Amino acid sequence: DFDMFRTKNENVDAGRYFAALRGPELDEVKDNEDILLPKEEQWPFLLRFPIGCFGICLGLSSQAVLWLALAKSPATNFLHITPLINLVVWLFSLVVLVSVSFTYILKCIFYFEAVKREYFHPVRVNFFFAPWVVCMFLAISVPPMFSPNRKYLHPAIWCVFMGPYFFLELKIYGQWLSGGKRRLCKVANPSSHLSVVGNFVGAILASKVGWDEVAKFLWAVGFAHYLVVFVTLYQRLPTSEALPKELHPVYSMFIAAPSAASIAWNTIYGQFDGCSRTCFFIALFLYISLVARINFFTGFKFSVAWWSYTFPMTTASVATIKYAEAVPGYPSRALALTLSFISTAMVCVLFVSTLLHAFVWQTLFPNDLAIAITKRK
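Show me the one chain in the form described as "closed state" in its entry title?
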């Protein structure tokens, strides 16, 4: 009954995924579709654990970077924040990463057919890049107590975390520019921004190890693929529910890239110039359009994907503290504090609601029917 997904269902085209699945994330089966697995009896645990549980790590590792700059930035020195907030968040986020990583490796050893189904899913494919972006955020945020009294980190740290990321993006980018079944015009969705943001995060790590020329190379590659993905989202593409007819929290993924580019540019050249200010000012316009409404707060439903919509907001807050240093004053101090407060509050709500579902309602790991769709209809 469950032996088809066990380790030893051919690769289904992305068109079938868009035709049989509905929703902003393609995680629900339509009403005329038949699945290959039972719909009522509980499934094995390792078959209902999605690849999207790595988004919790992205939401906690990005909050450690923010609180290290708050307690050390010259623009925030009027308040006195203890350095122990970064220590606690940095240790807590590391524990969660190890638990999520160890559980997914077990699934690959026992259920490898289900892992291949998620790889070919047009939306879930971008979450195979997130395991390495969480490790780069944790390395540019190490608590001073644990850091050696040296100016630079060992270059071997950059090679171990940016190696697999570069290998994966070499294959994916080649497919985009070709005329195959998996070209950008056939798969491009709002979540396709996770395969670009990792170029700018790795540029910061390269500078911190003493390799400035390598950082410049990674900035140029991330810049060429963000404009292709940014202009491609305004054209006519496959019809589906991956593009909500109204403004919906999924559009926050368009802010991560510009904010990280501004932060990465200021670290390579030492100053917040006309390039970082343009990157920072593009991401700030998008922040207002998505957050300056009243339905953004009134309409809020819990989901595991919510953990992936908060990390692009905590990154825009890190770039606002760098901008306040280049332009000292009261207009900039208030802007930095306002964005930081909103991001932290959004993460506190998700923390409480996640525990209530797990140990008070027991509805956090339902069956994953989106991976049992038929290949032919």
Given for the second form:
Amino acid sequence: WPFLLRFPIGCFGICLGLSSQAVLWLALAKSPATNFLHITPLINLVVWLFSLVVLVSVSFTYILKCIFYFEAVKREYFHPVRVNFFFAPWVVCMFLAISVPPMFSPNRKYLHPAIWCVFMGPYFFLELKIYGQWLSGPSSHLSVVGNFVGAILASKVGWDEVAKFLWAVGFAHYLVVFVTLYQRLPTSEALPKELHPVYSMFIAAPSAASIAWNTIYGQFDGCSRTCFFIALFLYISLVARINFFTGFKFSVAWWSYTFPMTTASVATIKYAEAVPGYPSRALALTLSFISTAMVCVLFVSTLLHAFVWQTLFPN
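The form described as "open state" in its entry title is what I need now, so please give it after the form described as "closed state" in its entry title.
Just the single chain follows, nothing else.
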């Protein structure tokens, strides 16, 4: 059993969670509402560099597999559940782009338009091609989160009009996913094993949509508030449904679940700036504290379970 076979596409899950952490701490240092913490922006410098190293190493190793064992890649593509992970490498690169650590880049009004085109295009072509396969042969193949994220990148460039077009496309696909998935949610028992990639974008897409609305227009309306509150209601359902009595075991799939929690925390900070008050401030800090704590303990657990015991990679 060579190492290439035991290396699946699920490795990209860890990069998405860690990269999403970078945007959270950037806000905590550039938030006028949360100025009283005096958080040093140097934290983002370490986190952003760490996200680049893991993304390059993961991507480079996977490229070697694609030339060495193309047939293995071909087999993975067809399987229905693990298809969504093909979108993961493209969407994560956009997350680093919006971070854009202040120290590296001298102050400028907008980023160069060339950056948007290179990252965005491979995603749009993949979205249409993967959608066509479903018709030839649920509706879980559709990608929703990436379109909302691209709108944020487009707003940073300054192309306001195209950002509105991407938001409309992302919303339309959400309706089909929302109706089907809500009817049959996964059972509390054996939650991580079943439909783990698909579920993550169910508690995350609304929170991303609210952030995109704030960048395009600049003022909160019913779109940003209601989408944010829907995500909060869905997030609360996890606590009530999860069984505290039932035991839990370590699994690689836990890395993907981190990403939904982080996106909600960033969205809450936007709400606090628009509407000041003691309620919002405490709620924003609480969500951030839970998100960052889970990553730190999970990072230690996934580090020990891979080195001394080499149980991270199954046969």
